[PDB]
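Take a look at this single chain, the form deposited without the ligand, given in structure tokens.
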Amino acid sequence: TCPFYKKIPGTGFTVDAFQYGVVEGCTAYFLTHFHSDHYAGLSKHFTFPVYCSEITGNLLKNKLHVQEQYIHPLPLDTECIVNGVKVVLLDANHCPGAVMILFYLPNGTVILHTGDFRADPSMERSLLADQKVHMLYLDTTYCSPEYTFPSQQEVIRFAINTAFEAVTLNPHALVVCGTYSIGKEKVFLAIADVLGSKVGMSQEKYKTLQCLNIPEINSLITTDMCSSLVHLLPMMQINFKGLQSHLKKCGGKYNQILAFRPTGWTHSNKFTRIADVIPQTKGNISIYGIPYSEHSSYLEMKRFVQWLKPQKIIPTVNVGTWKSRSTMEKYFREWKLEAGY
């Protein structure tokens, strides 16, 4: 059964609600982004209207085989009418194709559903500038002040400088980057650009990347592993055993691996600056954990909400424990008292 924080009242609509069977009263299913916890339940046998971005609809058709007649892609930043209700899709600064959804209810209530997002001051000059929001359905993944991490630009600067130094010292070093979903593509793209290489990967990952509307992508990626010195591997293989095994397969072309595991937040963030980050090393293999986040930090979240001034907040993450719920409610009231709304 579909939980209340996935339903939009006063409409026939649900958000990220594909794992509950036929939801009673649902006339249109929205999908914010192509991450498995959110698309869980979709497949080629789905026969209700799915509303999403262009990029998400490429992934639904090619990767999950959803039939074309049920995929309804909407342009971003554009007022659209869906089953009698005005909606807008906005860029969520999450993974490729990820959106927030503005719903203009027939009674005059305005609802923002963030999906998954990384809040940014640039959102203060989107179509959100123009009107009041009554209800906020909020990605609360990192809603506690201990969750700090650097800008994506600082993290990419560290990765590029680290990879370029290693491979210039040793032209026979291979770089490997872990992946298990879409998102975080700038990590491997930026490193391959500084090294003058295409990125090598499996046919299944190449397929996925070809759905993302990335400019000049044919110039940037390949399935010919032998021609490339930056390889993508599943995240599960980013350990000493998996990497050893991979280096054997390369036929003595390489004699060292430098590997990156983009994580979200980890508790080594509480003590170390990005500049000071060191790898785990065994023999000729080194593994860096890098805190590349596609969700808001505590401070980015708090700024966005204090700017938007919603009348009510409904969290969409960390909703399963009383302690998490009570913590989030306390911070919402602090923010409201500090800012005066």
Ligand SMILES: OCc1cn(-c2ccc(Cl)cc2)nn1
Given for the second form:
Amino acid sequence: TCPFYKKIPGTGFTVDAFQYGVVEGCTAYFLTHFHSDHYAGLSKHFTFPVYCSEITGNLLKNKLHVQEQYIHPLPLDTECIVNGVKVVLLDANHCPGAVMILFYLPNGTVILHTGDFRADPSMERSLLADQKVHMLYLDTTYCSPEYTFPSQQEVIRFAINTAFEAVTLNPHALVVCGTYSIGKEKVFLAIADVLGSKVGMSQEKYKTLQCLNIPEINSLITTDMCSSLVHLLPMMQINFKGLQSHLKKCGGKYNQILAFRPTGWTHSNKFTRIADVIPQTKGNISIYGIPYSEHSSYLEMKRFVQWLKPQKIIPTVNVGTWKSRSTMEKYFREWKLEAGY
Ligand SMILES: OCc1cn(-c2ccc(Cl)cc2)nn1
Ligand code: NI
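Moving on from the form deposited without the ligand, kindly provide the form deposited with the ligand bound as a structure.
Every component of the complex follows; first up is the chain already shown.
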């Protein structure tokens, strides 16, 4: 059964609700972004209207083979009417094509659904600035003060500098980056750019990246592994056994691997700075875990909510335990009182 927090009251709409069969009274299904926990259920046999971004629509058509007649892409930052209701899609600063959705109910209620997002002060000057929001359906992934991490810019500087140093010292070193979904493309693109290389990858991953409208992508990626010194592999293979195996397949072109795993949060953030990060090393293989997040830190989330001043908050992540729910509600009350309501 579909949970209450995926239903938009006073409308026929659901959000990220494709794994529940036919939802009673749902006339339009919104999809915030192409991550599997959110799209789970869609296929070529889906025959209800799906509303999403242009990039998300490209991925639905080409990767899941959803029929074109049921895909309804909408432009960003533009007032659109869907089944008699005004909606706007806003950039979520998550993965490519990820959106937040503003719904303007007929009775005057305004609802923001963040999907998955990384809150940023730039959002304080979108179409959100223009009106009051009554209800906020909030990505609470990291809603606890222990969740601190650096800016994406600081993390990319560390990765570029580390990779450039390693390959300048040893021109026969290979760089490997892990991936298991769209998002965090800057990690591998920025490293390839500083080394003067394209990023080599499987045919399936190249297909996925061709759906994303990234400027000059044909200039940065390839399926020719032999011509590339930055390789993408499945996240599951970023370990000493899997990387040893990959190195054998390169046929003596390389004698060292430097690998990156771009994880969300890892407790070592609590103790140390980005400048202080060190790898795990065995023989001629080193693995760096880097805290590249596409979700709000606690402080980023707090600032966004204190700026927006919603009347009601509905969490969409960590909702399955009473301890988690109680903890989040205590922070929401703190934020409200500190904002002086
Ligand atoms: O779900 C009820 C609710 C609303 N709020 C809230 C928090 C911060 C600000 Cl600034 C305004 C409202 N907290 N809990
Ligand atoms: Ni996501």
